[PDB]
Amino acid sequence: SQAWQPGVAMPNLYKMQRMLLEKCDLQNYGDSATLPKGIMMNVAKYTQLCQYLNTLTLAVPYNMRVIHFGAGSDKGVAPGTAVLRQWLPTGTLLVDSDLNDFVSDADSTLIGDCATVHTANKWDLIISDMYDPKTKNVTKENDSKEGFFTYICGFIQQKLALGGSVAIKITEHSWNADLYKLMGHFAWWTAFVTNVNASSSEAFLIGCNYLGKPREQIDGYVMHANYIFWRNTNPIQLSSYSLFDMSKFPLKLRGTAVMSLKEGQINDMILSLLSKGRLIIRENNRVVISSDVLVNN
């Protein structure tokens, strides 16, 4: 039934439970979806993520600004970035970044730790596929991780335009309590599992329409335990079916209004427009980005 969907979003009732953390043990762990001929797993994964994002109230202004973290692959190319550029309207600005060098279709690419990335502007959409290789090779008590996740939390709170959205990749071991707490700063949020990678604990934490303040207090340690409980009790069938119908794939250019309102002008009417994906609040100054360079002999 869910097999023809691009994936499965965590039902809302899980967000209201208080589950104890334990191992994520997937029943469909030893399966694989039928990937279309010559299609890389990451092209399939991002295609399903974008197919799901099309069903949400994303703000899509003219001159949209998108930043993609963890865009490089061991292949030296950017499969996810190519899918995002295919999905996003033609006039959308796309910047990507990764610790390792790679060739990209993005307007600009920054190489180095995301912690070295700076920008004077606000963004309308943040996509992260960052994952630390040590998380895999080294297993230990499953506590909140504080490497690139601390940067992402700070980037959301200072560089995301109100009304903007995020899609941050997490796994059983690659997660952060502060990031779950920030999901409460969006009009709505969920954990989305792509059907092509349902055999993995991977999921995208999606924050839809940033409000700049908490609409709900979320305990990150409890919410990750709730996420694992959902993955352990509701098996997701591996499926690549949604990849064969790309007729309605492009993100519709809504032409969402962009206004440079002050923090004292954010009333209940504004929060209501932000919550419907009908408003983006940020200045529209020249987009400037940079990557710090450590200098030493």
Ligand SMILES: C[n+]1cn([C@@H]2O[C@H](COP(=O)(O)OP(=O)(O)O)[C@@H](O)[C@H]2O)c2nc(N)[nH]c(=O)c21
The other form holds:
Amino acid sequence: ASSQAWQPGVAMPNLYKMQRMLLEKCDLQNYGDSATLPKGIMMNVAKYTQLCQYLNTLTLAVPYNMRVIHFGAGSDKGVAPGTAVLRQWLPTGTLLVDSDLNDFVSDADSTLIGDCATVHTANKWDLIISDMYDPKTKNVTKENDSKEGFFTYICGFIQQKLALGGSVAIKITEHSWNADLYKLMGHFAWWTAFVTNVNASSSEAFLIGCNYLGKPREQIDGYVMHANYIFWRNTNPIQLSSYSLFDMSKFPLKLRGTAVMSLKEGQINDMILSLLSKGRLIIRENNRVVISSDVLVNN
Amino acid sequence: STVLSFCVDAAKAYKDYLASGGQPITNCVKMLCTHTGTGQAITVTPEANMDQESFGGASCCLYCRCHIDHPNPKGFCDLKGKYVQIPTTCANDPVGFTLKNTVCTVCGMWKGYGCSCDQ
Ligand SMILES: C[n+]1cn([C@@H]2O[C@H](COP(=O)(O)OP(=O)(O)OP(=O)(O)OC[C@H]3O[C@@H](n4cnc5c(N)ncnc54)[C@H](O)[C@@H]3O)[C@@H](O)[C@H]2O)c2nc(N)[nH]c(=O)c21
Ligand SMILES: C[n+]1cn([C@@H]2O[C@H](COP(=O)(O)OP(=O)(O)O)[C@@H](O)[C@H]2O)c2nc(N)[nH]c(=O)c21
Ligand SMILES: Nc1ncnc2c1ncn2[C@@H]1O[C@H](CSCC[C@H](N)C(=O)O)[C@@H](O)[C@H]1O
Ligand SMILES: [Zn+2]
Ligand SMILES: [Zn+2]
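Switching from the form solved without this ligand: structure of the form solved in complex with this ligand?
Whole complex next, starting from this chain.
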């Protein structure tokens, strides 16, 4: 077993991000292979546990009364395994809102059912998790081009509803990806494509934006970066591993009591950007959290 | 009164379903945890001990899983947004266990599965 087998997963190394590859078909040596999970543990509980274990190594902003929204939280089982893990991970009292096209029962404080495009809120968020995936993505007939659908909503939601200092983890696959989302990763202090060790046999990755700066820090070409991601996955086989699931002693997200402040866009100087970049600051108002689901009225 | 008088009793109906050999409700969400917890019945975070499994609350609630009103004037759920501890021996049917057992208001342990307030 490689050194990375005791980690929750593997992040895309920096040198792979600096290449200029052309998009190629993803061909994983262990494609489809299933991980050996602890008895009675669901694949999505293991996956979200490894994602959270990896987010524990980043400079996430963790303010009092933290605000987290989880898109694609429903399953064909009618329950929300990922939401259960996020609520276990997040400090007690964290407001957790989840959503899905299909009905499901959740541990979230509030749940909105319907297309993500019907979800509205004037409030800003500290962390956005998306596990959305369109089943039709499996129908690979044309060339692998940038996908719209929920990715268009996610990009707009990050641009309009993510607090400065906030972070995101957005699920992508070989065919479920968006060039603008990769370009947006350049608006964070840091970013990566993270692969869980339990799903090492899938092209799935979480695109993680760490500490939103609300302005481009580096220029990223989305088509080129996705090609770079596939080149990395095609040349670096990851061995399936559930080893990190057995040690949950340091699992809960550390309560950092990160400062929350209100600031005009003209007040965002280099000293403020420096605080955002270290997870020591969240910029947003601390108003009541109000969310709504657009309802189409028909006969 | 006529709607209330008529209403369901989903609780007893589940024991009757199990009594007739009905397959227990599946997909209760089992959490990964240290198994060195307090062992209390319903907690804000997984508290399973060496003899228990911790599950996401909503997924172990008959009323939540069957999309039917909760037996309370406020329709308040005691499991949703929390974690329920289930003895490993009964972990195959968490919905059945939460229904058939009650929590001790004093120590927070399951009566007959951890509560020793009576010596
Ligand atoms: C990476 N890859 C993709 N394909 C082909 O391309 C298609 C589309 O590829 P994809 O973008 O869906 O990626 P991949 O196959 O890696 O995704 P995977 O099925 O592992 O799904 C990843 C995650 O997405 C979610 N998901 C997948 N399918 C669904 C679904 N129907 N509904 C909901 N969520 C889903 C789940 O969370 C799941 O864990 C595949 O269905 C397959 O024919 C491959 N074929 C070979 N031979 N070798 C490969 O390495 C390979
Ligand atoms: C995980 N991470 C990596 N970086 C940046 O990347 C550098 C090194 O990245 P690394 O992968 O942590 O390498 P190392 O620990 O072996 O040196 C850091 O010093 C930061 O500049 C990061 N920068 C920020 N702001 N936040 C993070 O969580 C973060
Ligand atoms: N446009 C859209 N709006 C909302 N949800 C969407 C969507 N497109 C796909 N989804 C949802 O994305 C989900 C992918 S599977 C999600 C699994 C879940 N995170 C878990 O913890 O098990 C599906 O439930 C699907 O309904
Ligand atoms: Zn309930
Ligand atoms: Zn007692």
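Numbering follows the first chain given and starts at 1. C-alpha atoms forming the largest set that superposes within 1.5 Å between two forms make up the rigid core.
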(request) Fix the rigid core, compare C-alpha positions between the two forms, and report which of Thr139, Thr90, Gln158, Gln217 shifts by 2 Å or more. (result) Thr139
(message) Could you tell me the distance the CA of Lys15 travels between the two forms after a rigid core superposition, in angstrom?
(response) 1.3
(request) State the core-superposed CA shift for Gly207 between the two forms, in Å to one decimal. (result) 0.1
(request) Would you mind giving the Cα movement of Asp31 between the two forms in Å, after fitting on the rigid core? (result) 2.2
